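For reference, the chain that follows is the form deposited without this ligand, supplied as structure tokens.
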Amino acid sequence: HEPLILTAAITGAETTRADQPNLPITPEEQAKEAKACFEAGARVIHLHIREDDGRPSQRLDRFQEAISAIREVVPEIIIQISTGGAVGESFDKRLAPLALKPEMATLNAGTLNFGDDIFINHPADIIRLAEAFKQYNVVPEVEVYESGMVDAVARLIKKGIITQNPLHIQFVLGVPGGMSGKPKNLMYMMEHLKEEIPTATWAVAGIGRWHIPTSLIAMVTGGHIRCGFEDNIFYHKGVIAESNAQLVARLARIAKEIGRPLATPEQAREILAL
């Protein structure tokens, strides 16, 4: 019965147009998808940007273009920019777009092996990013891939480095190298978070095949849900999705079947302390 906030992670850094022909790459494509997602029930867009050639971008001008396009089509949507970017990107380039003063942005809470590579978040870089969030008055969404990252975040809170309260945690489950999205895991994580950061709220992203199991557990445990091509390009096993909005709409339908209302924009901002 608690409202449900749906996030659409519409582009990401890695997904190709060859694999997912409906992948939005340009600001205009991203705005069109954001409108469809909003109408389907999404209240947050998790935003990565691309150059026209499809390579990942960290350019401030390009971020401003995408943010402006999305805002103009759906002024009420929450635009959450990524500070993760493409694995391997320099930390300075990942941090810089906070200067655009978005409403929300991601804050990655640890390092992990990530497929064939390593997604690096050095402890000193986490601290400097956390300080930049404060300086630009941006509300973090803290990305957690493993149990230990919750404790790490709790220590940064204790030290006064992360002062946001309530803090919003995004469990990102199913990375090869990170915690999987099996139900035991999501239950463990929400309970672990409740022990360590009792006032934190949470959402879950389930990569690939973990999208459905994470979503259905979150539905009935008060959690919020992320979906989209950044995490999963398939609507069913072996069946490419038509759009990010198709993925959002399924979650909206399930919420309607079970009687869990979707958050209004106002409710989403209240819950996320925006």
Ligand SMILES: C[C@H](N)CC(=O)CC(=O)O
Contents of the next structure:
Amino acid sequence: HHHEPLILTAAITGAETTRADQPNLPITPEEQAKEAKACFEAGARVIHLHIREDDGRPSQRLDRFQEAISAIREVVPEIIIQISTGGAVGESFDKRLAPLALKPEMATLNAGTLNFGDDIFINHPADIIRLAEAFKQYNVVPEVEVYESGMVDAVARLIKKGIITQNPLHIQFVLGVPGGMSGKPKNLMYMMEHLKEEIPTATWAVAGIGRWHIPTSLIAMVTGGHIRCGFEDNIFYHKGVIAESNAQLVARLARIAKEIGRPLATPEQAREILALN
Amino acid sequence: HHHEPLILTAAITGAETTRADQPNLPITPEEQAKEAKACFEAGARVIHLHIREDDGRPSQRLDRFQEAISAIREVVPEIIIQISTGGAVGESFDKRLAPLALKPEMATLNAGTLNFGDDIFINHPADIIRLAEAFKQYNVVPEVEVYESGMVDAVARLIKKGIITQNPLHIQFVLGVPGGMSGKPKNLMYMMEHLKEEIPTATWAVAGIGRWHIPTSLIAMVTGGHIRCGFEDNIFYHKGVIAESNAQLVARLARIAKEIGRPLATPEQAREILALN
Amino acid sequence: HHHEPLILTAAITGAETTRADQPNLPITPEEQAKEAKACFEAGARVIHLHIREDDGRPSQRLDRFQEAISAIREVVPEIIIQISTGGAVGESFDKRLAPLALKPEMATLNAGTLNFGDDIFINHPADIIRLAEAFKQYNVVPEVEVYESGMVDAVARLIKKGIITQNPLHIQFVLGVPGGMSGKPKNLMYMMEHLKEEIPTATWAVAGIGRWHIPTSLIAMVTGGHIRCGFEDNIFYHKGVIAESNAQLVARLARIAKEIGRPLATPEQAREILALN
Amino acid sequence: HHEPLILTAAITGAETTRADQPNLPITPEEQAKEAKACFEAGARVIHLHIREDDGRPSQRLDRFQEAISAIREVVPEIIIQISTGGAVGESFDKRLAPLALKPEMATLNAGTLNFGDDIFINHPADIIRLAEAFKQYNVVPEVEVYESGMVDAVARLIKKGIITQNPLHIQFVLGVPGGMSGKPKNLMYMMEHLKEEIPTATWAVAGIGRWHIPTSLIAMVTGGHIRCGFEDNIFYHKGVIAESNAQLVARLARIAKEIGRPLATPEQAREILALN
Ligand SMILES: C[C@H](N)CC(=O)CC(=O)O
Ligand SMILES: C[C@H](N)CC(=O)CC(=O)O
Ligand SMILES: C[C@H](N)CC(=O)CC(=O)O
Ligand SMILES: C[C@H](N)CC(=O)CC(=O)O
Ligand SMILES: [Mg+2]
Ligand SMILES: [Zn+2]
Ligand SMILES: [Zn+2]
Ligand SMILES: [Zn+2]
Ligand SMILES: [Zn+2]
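Let me have the form solved in complex with this ligand next, following on from the form deposited without this ligand.
Every component of the complex follows; first up is the chain already shown.
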């Protein structure tokens, strides 16, 4: 339904994107804060946050996460800061889990292992359980990341076992990873229906990597889904035309939502939908 | 694919819409010409044409069709004028077929019978064959209208029997009629896949009646489909806000196509895709 | 789920099938009673009944329907006798409605109009309402016949208007009619999912005409659906091999259900599922 | 439901235990006896894992040769497909080496996934190494797919010329805890997804545990081929342990006979799977 409020998430930095490809990539807490302000003004209500060292290397340092979180909340106190527990491929699970200790409002929870480009993004079943238990210990709301159909079933089993008790649960379909399910329209339609069958009360969002950004976004617009965009997932505005800011990508989605009459969620509505109150 | 040229059709008048509900409805040839020019400038490449008497009653008069066609050609000679052979529900089949004698570039060919609101839109199998023979007699390219899954199979059988020889064939999915298949995303995805299985070389467009205009349009945008809009099908710009003009509906679709980088077909490209050149 | 009880319906005679193609076709009430007993023993719990005159002509005579109903009830009182309100294409709606006055446990209710072979099977919206009101008047439970996606929506609107109050409602997908939706696996999967979305509490069965009998039956077996078989819909046991009787077609489905461990509904369970108690 | 049906019997596997399934064939002679009964019941392919006498999964070349020779002797016409999957946690080097035995066919796992409490690892560089060995040893692969994304990954290996097999045989392995389930919606989605991404590919389905019956009956009427057996499912009915792999094969053959779908002859199975 294209009248339910739309939540836009900006995945502004990520762990893979470089300035070789996207020179406008925000790397420092100050750059991330400036980008978060422009994204919030463009319509984003959530920042999906990865941090980097000054040299651009991915980081898991708690004091660096605090620096970025502080800089963003000082410029836009209303935005929801969602910490990544995914980090860079190959990072140790202990370093990935530890920032839950900063007690953010929300953080991601990756629901399975998959080949990821030339490497493997590992989420051992015992570590998924350890992380789900840590979400309860640190009192953080999860965004559950799903890259394949089978990950929805795996999450439904963790719900049945009482390991994931978050209700309503927010699921993010991450489509277009080389090794994961693509963002073709048939796949997004299949995933939302599959999720409705297996976890009927779950809410959902979609992140369309690269070329899949536009097809996933426009389908989510008219099916009641929420949308993630940003340099972490896609650096192009048009084929061969880099976007000049994460805010440009957010603003296009907000303009399309305005065209079709789908309202953007207020910060209050975004916290209500995602059960962050 | 959202890189293939987009053909926008404006169904500007129709047989059911009234001036009482939509005061901006073009009824006279002069009003239809003014609307067609504004629609073409907004991005439309096809006008789906029904005619009316000055009092708003649906008409099948050949002089009135000639007047509307000439008035539109006078101000926008590049637009494709597609005559309706559907007309008003209950109209005699003889009166529905006769305007093909005007040798338009294109005309609609309804592929089956269905309950339509409180009445029945009748297309007897023998009359569908008579109409297909008249299209060939007057060298008119059809737009085959389908309202249900079974109409695709019925068209595939007419192709197998050598009754429909148009190649490539252009199919329009008309979704949202009370009595026909709705325009929900699941249905449009099903129909394009069903059509690919049964008539692999067919091209397609979608008309989303009323509330289905936005979901059908945005799915067609990113799946390579073409789109029909207009007062015949939908009088609202937003929920509860009746639109200013057909051009206002066309312009929104053109702006969304520009946002996502899907080019609008030139008149030459539209004629090539629809095999009118 | 392939463990919920399976209801088998035998459509033993119909209005189209001839003795010239199928010499085992039961035509008289005595032949229909003998067939119904053999079908019940093979696993059928419902008889879908059309009647014929002694010369094989389709009939709508109430005395002839009473004779067939009484003959079947005398030899197999546990079977559910479902009378057809569809009859032969082109029959008057008054003659089609009249047998509801015999107060059968169940009867079919055709939910829309469609081209049917070279003719049109007409179900005017006002007549569908008249029929649905007559079902309630005579305390007859309907089996709602749907041939296309749009007919599910039309039934959902009759439920919303309080015209169809039957809860749970039993829908039968009639697939493979020339002019209607085919019985290909994609279509049956689409229809059960479409029905779950639009009428969530409805139960369903499938009738796969001719070549579609086996694909529809095996999909329904493992998706919790119920199945109709019989000479009305298909006269062949294998491609080009005429069946010996309706009981032969029923027995195969019962054997497949036994193989996979799906229990056959007892007469008591069939009446509970179809809300005939 | 008229195109010939190929039935594969996955008779042993690496996970199933004798305690849960006392009829589990473990030794080459037990595997040969089972393969003969399966062939007579309608199987045209044996999906083979080997075990040591103590039931532990094995990768020993002499043990694979013993099992292959024993099966070959009792049923020469059956297609022996060796597993390159082996047991979860087995080294990739040990998993690849049996291709040197030049079997008629072997499995090629197309991706990594969580698998029960562990992870079934197929590193992208190892998938490439394995696909290259298939070409060098002139072995026809059966490509194992557990998720939608693995179809796309296989399409990319075809584009890169790493997989040159044409037509390519894909097996959907559905119902693994961690992988895509075998519900009817999923099998319908996968066959359509495969037709879109690899149009000339043929396919089979393996429905683990509770998914055996739904996957089998959908494949029966959609032209797909079917895998059954103790590796994937030990029950004949819910809570009723199966008596042999041949019992599971025979049920599928009886259902195929009921609906008039012919079973592939050994010659037809080799033609469809391009083993000639
Ligand atoms: C492998 C990806 N960099 C992990 C990721 O970005 C998902 C998350 O943020 O939780
Ligand atoms: C019954 C419909 N008003 C006929 C119609 O509008 C379709 C067409 O133009 O061909
Ligand atoms: C026109 C159809 N032969 C009528 C029919 O057989 C459907 C029903 O029984 O309700
Ligand atoms: C993890 C499974 N035991 C590996 C397997 O059985 C797949 C194959 O045979 O190629
Ligand atoms: Mg005049
Ligand atoms: Zn991330
Ligand atoms: Zn029209
Ligand atoms: Zn009938
Ligand atoms: Zn295996």
